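Here's a solo chain for you in structure tokens, the form deposited without the named molecule.
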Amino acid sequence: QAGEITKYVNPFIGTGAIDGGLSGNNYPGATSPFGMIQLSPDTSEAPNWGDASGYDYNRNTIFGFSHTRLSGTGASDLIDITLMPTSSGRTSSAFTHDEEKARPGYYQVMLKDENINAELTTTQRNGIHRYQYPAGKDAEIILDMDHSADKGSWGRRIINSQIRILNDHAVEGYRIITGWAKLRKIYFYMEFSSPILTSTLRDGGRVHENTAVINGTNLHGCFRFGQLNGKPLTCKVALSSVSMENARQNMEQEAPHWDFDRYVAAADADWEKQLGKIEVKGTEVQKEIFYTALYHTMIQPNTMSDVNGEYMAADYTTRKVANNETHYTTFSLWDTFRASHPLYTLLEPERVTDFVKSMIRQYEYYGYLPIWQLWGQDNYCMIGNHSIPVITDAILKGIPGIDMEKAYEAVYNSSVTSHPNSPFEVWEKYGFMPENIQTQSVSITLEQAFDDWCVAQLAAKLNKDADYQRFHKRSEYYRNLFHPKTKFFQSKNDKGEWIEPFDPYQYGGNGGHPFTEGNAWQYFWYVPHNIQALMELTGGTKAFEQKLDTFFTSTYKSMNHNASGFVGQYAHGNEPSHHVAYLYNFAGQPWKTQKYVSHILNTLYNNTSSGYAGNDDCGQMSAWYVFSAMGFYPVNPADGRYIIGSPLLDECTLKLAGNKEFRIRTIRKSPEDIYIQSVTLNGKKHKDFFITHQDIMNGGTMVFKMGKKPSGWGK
């Protein structure tokens, strides 16, 4: 049954916002799993934070089809190498959603101004286009090398670029550009299925007719093919971070032929194998939401090395991975360490080895592990050193092919070598970040303490007992900001005094406040490695339960743009809250976890363009759905335990390595049955409120008996 699973993915979920609500910043264009190429229309001349992927569902004009982007980020970048079909040298066109389709590996739209049909597909490193022009009209392609994310942010400018016509069917070039990533070099090689008859190249006002090459900072091409009289024009475009030669080789290996439908079909088969890793059973809407979410987790991290292994490293030099390896980038770690990376350990252990290796390369050539990585380099966005949980998690779980001593070097040195937002001599001297020395101090203290717990766990695994003590002590530094009267984590200055005045509802931004894109209410819960300690500090399990109740019911509104989708003070759009609904289990009240998780799944996710309660954040919003719908969530994303919530779907099957399955099953009378009555794992009654990574990866079956009313299970 071809398209059995892929037919459920709706790439328009998360591409817009309804009224003035919240968008995922997802894109509907074609891509391949963990690919280099995201071939998609831009509905803006210059993508910005409100439409960072390049597309907005509320818009009606397409300004070209570019080949790279981020999914669900709060800042725009990439947007490289932009083609537009036309008959009269035009650069934009109207379109309607009524004449537009999208599915895994495929996008189509009718461009209405000149009645030209556009279809897109991809391979791992190539974009394939097919354009159908009216019979009797001239066929032309415009290449725009200036089109990019907004040039008024990040000091973004094109340093240099080239367009070069090699023969009548081939064009190469490149651009070097600054932005959110400090410096990116994007090389291309392009071919046409019909010969170029005439052409024009320009750089701003400087125009050159039928000229084989141009160099500059504001380049544009127009290639004219004449009357095609019903033959569609097929275009192929390969990219590289290193060279035009590599891009050409990427095309020779992955995309040598000219059969468009064959490319489309392979892309669909590829997505069917990927999405097939979790087979689910539920309503038609739930399958659409679930498979679309699973898709969003699998469109990055992005392939960066070429088919010959070469890539631009973090010291801006050209290097090569081994034959069986792939260098990846796009690591939105402040979001993705929480759920996306745990999800990859279940579904993509072979890729996780390459992700870890890619992170370690930043250490090897830049001096510390990635904080937030984009086009092979760090941009320091957000806080923490959250490569560390990801590398730790992979090693403790036994993901194969990782050099452990080298990984520990990287992790250790990243934790003792001070760098922006990590003053480690301040850290160990005070036992916290003082707000007057390091801003975002309370968020950093909580998140960094968690990173240190991870280092400790890795030290213990390698019998490095002195290191263990050092990092274990550091992991307990959250205590130094716990205020004993108010029972919030609050900021202190270097004299050890509590900053006055303090309001736990007050949102901070990305500096000038002790919290990062949230308030003290939301950050209170961030001790994922020692919830028992946190419970004790709050005044015991009963006290901790009541504080959670206040958190989930208190509707006061002070503000920050990123935090949205509210259940009291709980904002599902920002990921400090994401683990919190699972904390009622720890308090002795699992039914409350089941209640709130079910509320969020049913109420804050949907199958319209709005889709999500905030930016998808490289699929972290989606990974939350994937996990929670299956019925468990990695509260501590480095301890290899998944905390039970409430399974949404009737059944899920995880297709694992190799010949193995983890089968999740439900006994229910209706969808109102959201409370767990009991759980069985491999025939034995299951008394804990978690399952382990080993429980899943061994293969087996887990059965949930559900009911309409709270049971008493784990109570």
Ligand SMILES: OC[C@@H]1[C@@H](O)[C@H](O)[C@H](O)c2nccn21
Given for the second form:
Protein chains: 2
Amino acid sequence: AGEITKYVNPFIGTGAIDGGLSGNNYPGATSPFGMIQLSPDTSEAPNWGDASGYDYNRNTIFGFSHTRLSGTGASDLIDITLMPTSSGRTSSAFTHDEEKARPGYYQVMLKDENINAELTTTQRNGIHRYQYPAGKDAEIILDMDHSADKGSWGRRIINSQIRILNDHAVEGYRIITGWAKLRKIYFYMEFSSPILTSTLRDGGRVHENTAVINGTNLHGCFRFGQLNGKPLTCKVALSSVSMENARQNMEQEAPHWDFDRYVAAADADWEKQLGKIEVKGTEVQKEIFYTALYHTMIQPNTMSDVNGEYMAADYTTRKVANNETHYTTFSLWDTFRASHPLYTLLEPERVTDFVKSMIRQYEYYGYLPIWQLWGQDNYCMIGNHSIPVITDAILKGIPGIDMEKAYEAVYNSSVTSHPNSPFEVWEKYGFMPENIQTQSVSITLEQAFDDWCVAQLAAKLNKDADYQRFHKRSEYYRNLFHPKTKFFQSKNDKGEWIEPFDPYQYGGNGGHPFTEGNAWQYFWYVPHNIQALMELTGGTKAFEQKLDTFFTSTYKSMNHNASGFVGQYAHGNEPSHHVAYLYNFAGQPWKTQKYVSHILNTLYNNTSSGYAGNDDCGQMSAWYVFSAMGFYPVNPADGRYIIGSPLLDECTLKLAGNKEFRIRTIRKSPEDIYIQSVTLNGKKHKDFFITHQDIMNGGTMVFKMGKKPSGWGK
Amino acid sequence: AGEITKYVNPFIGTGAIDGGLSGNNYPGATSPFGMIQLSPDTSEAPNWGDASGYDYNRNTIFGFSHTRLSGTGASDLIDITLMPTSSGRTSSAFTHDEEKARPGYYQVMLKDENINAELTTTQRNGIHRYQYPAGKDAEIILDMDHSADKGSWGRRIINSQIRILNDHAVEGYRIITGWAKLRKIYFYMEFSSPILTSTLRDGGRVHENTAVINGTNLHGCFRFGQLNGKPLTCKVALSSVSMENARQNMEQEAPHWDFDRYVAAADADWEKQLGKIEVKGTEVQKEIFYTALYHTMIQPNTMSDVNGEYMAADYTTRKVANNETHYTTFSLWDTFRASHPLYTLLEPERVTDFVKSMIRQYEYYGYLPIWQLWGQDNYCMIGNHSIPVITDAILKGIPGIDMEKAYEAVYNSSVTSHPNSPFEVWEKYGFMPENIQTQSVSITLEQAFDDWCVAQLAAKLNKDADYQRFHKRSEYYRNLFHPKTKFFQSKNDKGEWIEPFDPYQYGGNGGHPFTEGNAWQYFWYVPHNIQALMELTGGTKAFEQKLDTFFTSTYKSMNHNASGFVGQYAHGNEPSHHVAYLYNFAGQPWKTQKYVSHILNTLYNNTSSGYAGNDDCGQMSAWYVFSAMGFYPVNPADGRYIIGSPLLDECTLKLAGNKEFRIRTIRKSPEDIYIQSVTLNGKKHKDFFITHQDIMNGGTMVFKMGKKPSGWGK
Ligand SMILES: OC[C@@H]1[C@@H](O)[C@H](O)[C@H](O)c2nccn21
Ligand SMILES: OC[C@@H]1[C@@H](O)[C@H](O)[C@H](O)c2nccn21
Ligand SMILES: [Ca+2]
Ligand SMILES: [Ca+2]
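With the form deposited without the named molecule already on screen, would you show the form solved in complex with the named molecule?
Expanding to the full complex; the earlier chain stays at the top.
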């Protein structure tokens, strides 16, 4: 018990060094792909700098809430907040010295009044256990106002309710706006001891011992008297649909009152999840690796209730079939790159539900998700990056996906214009003109890649006319390639290059042709035709040389999303993430190995500041998981993984059937970062990639490593 | 055909004279107690001065929307707006000369482009017919942004959609805030001719021939080409729950495309409704009377869909039983006085659903409605005036009401404190202190009356302890009766009379102890113990004298809700409405008859400015209906109607069974306003009231009238 789970350190990514963006992870309890993230908030109102609610540099806890995002650069959720107290207090100091976390478990001693808080979860319930000093009164404060910063996104509470049903049960809801336009969060809560007195309020309006209150700024205080020394256990279930659903969620998943038993089931559940990859390496490597793997598995989030009901993207209540689960929290601009490829390896059964969930947005909203939060699109970032995810699953043969319905959704999302996707402009110009559509160069590149995916899906279904159309569109990166400067640059609607152009200059999220990066970084974004890109650059040697400049040029111009620098390579944001693997394509695999190894060893660590930037729903972590094993999905829809440099001594992927993909290394020391040779299933392996089918068949792959570059693949 | 419906003039109450508040009625098509109010908007953004959307003093139509309130002093709804055009225009001039309206039908010639618009409805569908000139293009503009004034109530569109399903079908929705906190309006629309081209937009973002758009500021234009000379018919169904429900609403109620047939069914439906009272009088009287009766029957509004589903007050989707309908639009501060009593006479089957609907708010929200709009409370005005309505129905024996569940709702709404109802303050002080709860005197009086109702209901169910409690509370008006001045006046929490006090001074809706009136007007609000009030005033002669001062004192101090003045009596707002009947209680029935007759003949007319103030969901109209027949529910929960002065020569109420209550007059001329004697079922009638049971038994009542006061009841 705890062989693997003891390696996860939930505090990795919860802080930042001295400036530089936090990982924005949280240390509190959750379950795999769960609905509940039960965690302390170290802010009264979480914002972009502490978007999960927890910041390791802070020393005050303002309550325990039940929902949040992991690693995002904008805050939302933070719903249903409990705080223990003996004297109506709403905050407490704490120290990291008297605080612990592990998969499914969080504990902290609240110092102001010496109350011990422990947290665990099921898929849809949060479970609390609070120990008050003997001789002191036990109270719980319920805060329904506490949320992400109300000065952002037009965020306000439209309406809410707290309703005491009996001496051990409370229910309510909040309807709230924000980064997601409209969310409804219903709850059902029970206590292990009877409520003796209580107070409800809405702002300055206070009602003593009153069974219900409605309003926009609601707070409850429940008083249990002297319980010395019995702990108070609280159970809280949520739903996007109704209080009835939430109650039913509790009846099915959390009927009992054995706290330690919930803790043990969460740990067991996490041991099975993390056990999908058995690794061998140093103790620090296993900590960093299993923590990263944990970060990939805490979302997408369960949205449907145990009865299958969910709020759909048309704001109506719908129901999935009995063997299906509706998911949300799709940070797709990030997660299409590595996280979704990882789920095809470890979570094929869940991938079918992720895809079905994406398709429901098309069905009820008109196009697939761009960035999805609480069952609805918020259009964050760029592209239509459901498309690679859905394409990749289908091409790989992930079972249970209706391919014709999936194609309809992908096709219609690629021809029906919508914000940041003016498709008539796209097909008329063969690029996005900056004066018509901003973030034009980044969109042109990323959308071109989305279009390649559509083409591959059309080819699979024998839709020849569609293949031509979308293949031609996949080639529109060519229309922005400048033949003198050899960068992709912005043009206007007259077909003229905008001048002046500085390839070091950062753009934001509009008002500039690049999205949270510069032209140096976006140059590499032709993942579906690296051969064409190399040719345009002047051939393999010229392409190698440009990569060398990229990795060594230290000019600081600036966007705060960019950090974790290797020259102009910025590991802290995701446009760079595929680039270190590109030396393979240029005939210098040793340089990929050199740079990958440098990033793994130098831009990740096992402290609070352990990621180079925002984790972004586990994308930064997924990069580590992939790269540490020794390969990466450069084109996340072609079913190939490009070999880098294996960090760990061994890795074993557990697959369906009783199959295993066994990765092994022959090395003398940790200096042995260069690949001398590779074998797959006993035959010498002559390519710089392994296929998805090679992995899912089961088999074994051996790397002979060495301290010096060989001529392998060179 | 049209014997009765030809008397209704929908333009009565749609204007105002030269200042003074409009009736705020609308002339467009609707069905009895319907979901759809299909009517032109003469404003871009309706506000308090034109809250239904139509103002008779205006000459431009900005579209035809499908929802509104009748006669309210605040605007909401105004959802789903169509406008015909031949050249993308969004407004048109019109004249009353080329415009018509009658129950279930509205027509207007739009002058700018010579397009004829006709409108009718079913319970849940709006039906349009537009005739374009031969040789001109047919287009429809769909405006999803058009609404009540967005500068009030924090009103904004959270999200919306327009989605073209095929060449003849469009669906969508809007989610919007306002006077009601959150409303979701889903629609399904069909055209009689195929859409040839189209445009959708969200603000400046325009998408040509695109099947769907999402956003907060959406507009569609649909182009049908040259249809000369076939009219374009449009059908539009709504739902509070889903597009599927809306479609199903159309399939059940409006499958066909015969416009004239829809018109005829609406007229037939209205003929049965208005036929519940057959009246004889002058032609002008029948116009004023049947129009008033129409105004009482256009709300409460159907909210549940044909499958029984509705949005409940916890914002969840629920379903009523197959023989039930969920209603909303309960303007209770107004309608508890006369409109709800009228529904007990004419609409007992609907009253059961109204009561069930009120109880659903208690079940899902925690207390009964105060003022209900689109299935939720907005707390407008004062009191808990569901209570008289629910009490009155139960005491009268309206069938199908669960009395124990109803009592639970009434009781819990009377002891669970909530905004404007601090019940612990109430029971500690025996009044509302002005420094703790504003509008204190008006609330004290009205809440005292609500409490009498609870007491009567407790007595009916043999709950003796409850009877005492609420009877004692019904007497709290005594604690604000000033023994020197003989007015009800405000006190502070030390029990001290606030000074100075001016009984002419108007209050608003907070910051003053009276609600949209002065102390002169609120003095009469002890409807449940007029005997006690007369005694406190110094006896019947003193009480008579105070009424005389009230009806003759012309001092102008001012609140714009108060208008239609007879001295300090202000017919234009509803605190005054019972007062002319109080001379009966004082031993001077002839003075009631004098003043009632004066109000009927002088403060109502058959022009656009035909009401003395806001109709308030038919309360002003209900006053006319009752008073013209010759009696009024002074205490709207004791099942007595106080005799005034019958205006009409005859009236016949059609009741269940084949029963009739036949009211007849013996008179020589219209000067004969004074009652000489009364007979009921052939026996001489010695009381100044008739009972509800006397009416519902069927029978006949004869008034001998004369030009001069008799000593009848004197
Ligand atoms: O969190 C949402 C998005 C991310 O998808 C993306 O990685 C981007 O870097 C970013 N900065 C702030 C917010 N975001
Ligand atoms: O329309 C809602 C309420 C009415 O219930 C009431 O008659 C009052 O006079 C009033 N003035 C403006 C709005 N209102
Ligand atoms: Ca990022
Ligand atoms: Ca009024």
